Amino acid sequence: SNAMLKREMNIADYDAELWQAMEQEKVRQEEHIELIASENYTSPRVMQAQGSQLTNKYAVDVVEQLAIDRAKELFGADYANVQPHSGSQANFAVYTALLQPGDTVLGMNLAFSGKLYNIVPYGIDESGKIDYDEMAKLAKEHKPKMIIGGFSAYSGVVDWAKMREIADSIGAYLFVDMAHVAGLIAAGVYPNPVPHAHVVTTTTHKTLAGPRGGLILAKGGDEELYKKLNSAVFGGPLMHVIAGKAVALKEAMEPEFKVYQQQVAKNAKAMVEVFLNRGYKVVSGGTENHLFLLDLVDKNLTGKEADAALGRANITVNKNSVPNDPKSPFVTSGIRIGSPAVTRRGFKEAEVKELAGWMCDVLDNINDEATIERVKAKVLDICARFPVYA
Amino acid sequence: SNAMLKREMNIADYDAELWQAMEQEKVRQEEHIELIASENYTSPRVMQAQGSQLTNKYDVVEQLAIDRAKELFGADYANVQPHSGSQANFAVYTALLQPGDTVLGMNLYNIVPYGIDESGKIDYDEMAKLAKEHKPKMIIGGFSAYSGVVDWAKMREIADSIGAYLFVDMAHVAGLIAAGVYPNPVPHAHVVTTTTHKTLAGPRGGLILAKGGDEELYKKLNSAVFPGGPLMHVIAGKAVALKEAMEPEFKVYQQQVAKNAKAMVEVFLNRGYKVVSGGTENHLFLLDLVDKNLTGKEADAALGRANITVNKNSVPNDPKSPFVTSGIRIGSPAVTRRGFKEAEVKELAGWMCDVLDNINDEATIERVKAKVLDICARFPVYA
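For the protein sequence lines, the chains are A and B, in the order given.
With the entry's author numbering as the guide, the letters of the first sequence map in order to residues -2 to 56, 71 to 122, 135 to 257, 262 to 417.
With the entry's author numbering as the guide, the letters of the second sequence map in order to residues -2 to 55, 72 to 120, 139 to 258, 262 to 417.
Next comes chain A alone, as it looks inside the complex:
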């Protein structure tokens, strides 16, 4: 025999370098305030699934059917495919199922798929709000085969019903990638694109708080579409990750998850209030979801500057361009902030308001070491009061 004994076979016994790195990553997740809008803390049940012997399975079916059934129940889809390894892979399945090389696609942005297809962008104005009349004119002008909804840095709510009308008016597909807001949709606090788009994709981590992976959903499609989508996905699925998806999707149906998402939305609003009250500009002047963009043009700061300074105080954000950004995309004039992770670890309005205030202290004094050190200390204290896995 040659049994692999779990008590004798662990990382700390065998691979000290890896173990030290893993320990330091747990410490980082605990003692940093994570405001990257795509970040979250998955449950220990998701982690248990991902650590399981399902990694050995070549593809089982019951585990997969639970994920599929739960995806359909949660989002009200008549079709779900839980196999994609990532949101990007889900998206690529959709493109290859429905598009030909060199087709025109209308996407949205701030004012490889780009290499294979002709992507025309609808750019949100300095107003920071979608203008559906203008979107309809771009659609009419360019006659895309597909309009793609979903954008990583929009703080407004997208009217998917209206987008479907625009798509239909020119015979295009509406594809919505809801990766950036899926958890809010799952909770009923943001509108669902499943009844309006021809196909929908998402990641399962981010606001859904599950494992990293993809999902394709649809409602009202024909057998033929569903068949094409299935065939475009692959090269088998990660069954341990699919188990992760199954348990995450059930967690998403808990009343606690609805309360959590309501808190996510309140928290993002409370942070916006502070930034505005401290003299910072927020794109659109508000948020209606979990995230927002701080426009630093009037401060003569770059997003890269802001991000580095905040990082020195154990606050993680990402840079992001603003509408008609006067700076290059490598630099930007904005940062994007979201509440899911801090909310997940127990921060409510008081904490996020205090945090926003500290961020304003940093940005007001971006090369003052003492401010940075003071704020770092406060961040560490707040992190201790609100531990993650406890």
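Everything labelled a hint here was simulated from the structure, so no lab data went into it.
We put the beta carbon where it would ideally sit given N, CA and C, even for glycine.
Hints are supplied without guarantee of correctness; some may be wrong.
As the list claims (entries may be wrong) - Here are the computed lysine-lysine pairs in the DSS-like style, where the Cα-Cα straight-line distance is at most 27 Å:
1) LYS285(B) with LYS3(A)
2) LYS3(B) with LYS277(A)
3) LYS138(A) with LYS168(B)
4) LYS23(B) with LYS277(A)
5) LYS405(A) with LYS3(B)
Claimed, not checked - Stretch by stretch, here's where chain A covers chain B in the computed footprint (C-beta under 8 Å, at least three residues):
6) 347 to 360
7) 368 to 374
8) 398 to 412
Based on the hints, put chain B in the right spot on chain A.
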């Protein structure tokens, strides 16, 4: 306190439905003999990494994987980010090819296939004919049911003669390559890819490796991987799996893999079965059942009744559909992992011949099943 994040309530407590399905799979892995050539049993250290908080990360960990991949394979470039072998391959294509380019491969882009004969041996002269006539931008080496050695040096000569890239997908033999007991493509290819879970016995995932290129090439390969983020928990799994593969015991393992495959081959041949190519030089082989009036699908099902798992596979010039086939593909990595040596695999191969000789003899099926279960019980995978 965060009710959803505290460790109190595990999957069994929370989601009995899911837990039951997970634990059935666990018991299935113990109670069946697995001869699907792409399957293995990864270590508990790999699973521990996959179960870690690294799933929440949006880099010392990645460097460890990169360094260990380069060391194991003798490469001066590695990318450990791909989610799968397929994504690794896709990265290479999108890095080096333009849409509609011509490509040559074994069994978006104009593909010219090269087809090994009934002899079950690669015809380098036919490969050369196709390459030199059609002038592909890239020749792709590596194929899933091939039991022979491949002359990677010769493929590079062919590629070099027409100015083409040589890409080798070594997924189907990577662990043997790593242990030095199968020809190494890394010195000869422009770029190589692999999965991390079959003969490497690691997590499911992809890898890109290369040597002898400049940073410009390596930058292109990096840029091509995500056309989002890596799975850092899986990458930690890769790091520890790659370290395990550097142990002298891993080479011993692969030597036993190769020896066991040859041993099973000898039984099939001696029992009147035909083996594509007449033998093996690696961990797998293909039985050609045409002369038995058997389909691969039916052979797969018959063996499954006795708790022996194989997969159907087309043979050269298969008279049957690809969904039916006239062959089965058998590999030794998983049985060897759980401790089978030559004596055990020889006995196993005899039982398989007993079933296939008389698929409808339920007495034989039941006899073999009981022996299979006894054998599985004394070779537990995990404890």
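Right, here's what the structure says about each hint:
1. With a CA separation close to 22 Å, the supplied pair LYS285(B) and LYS3(A) stays within the 27 Å bound.
2. In summary, the hint linking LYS3(B) to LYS277(A) is supported, as the alpha carbons are separated by about 17 Å, within the 27 Å threshold.
3. Our distance criterion of 27 Å between C-alpha atoms is met by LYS138(A) and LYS168(B), whose separation comes to about 19 Å.
4. For the suggested pair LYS23(B) and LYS277(A), the alpha carbons sit about 22 Å apart, so the restraint of at most 27 Å is met.
5. Only pairs whose Cα atoms come within 27 Å are accepted, and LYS405(A) paired with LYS3(B) is accepted, the gap being roughly 25 Å.
6. By the rule of at least three residues with a Cβ nearer than 8 Å to a Cβ of chain A, the coverage given for the region 347 to 360 of chain B is violated, with 0 such residues.
7. Coverage of the region 368 to 374 of chain B by chain A holds [criterion: at least 3 residues with CB-CB distance below 8 Å; count 3].
8. For the region 398 to 412 of chain B, the assignment as covered by chain A is violated, since 1 residues bring a beta-carbon within under 8 Å of that chain's beta-carbons and 3 are needed.
Consistency note: the structure conflicts with the earlier hints numbered 6, 8.
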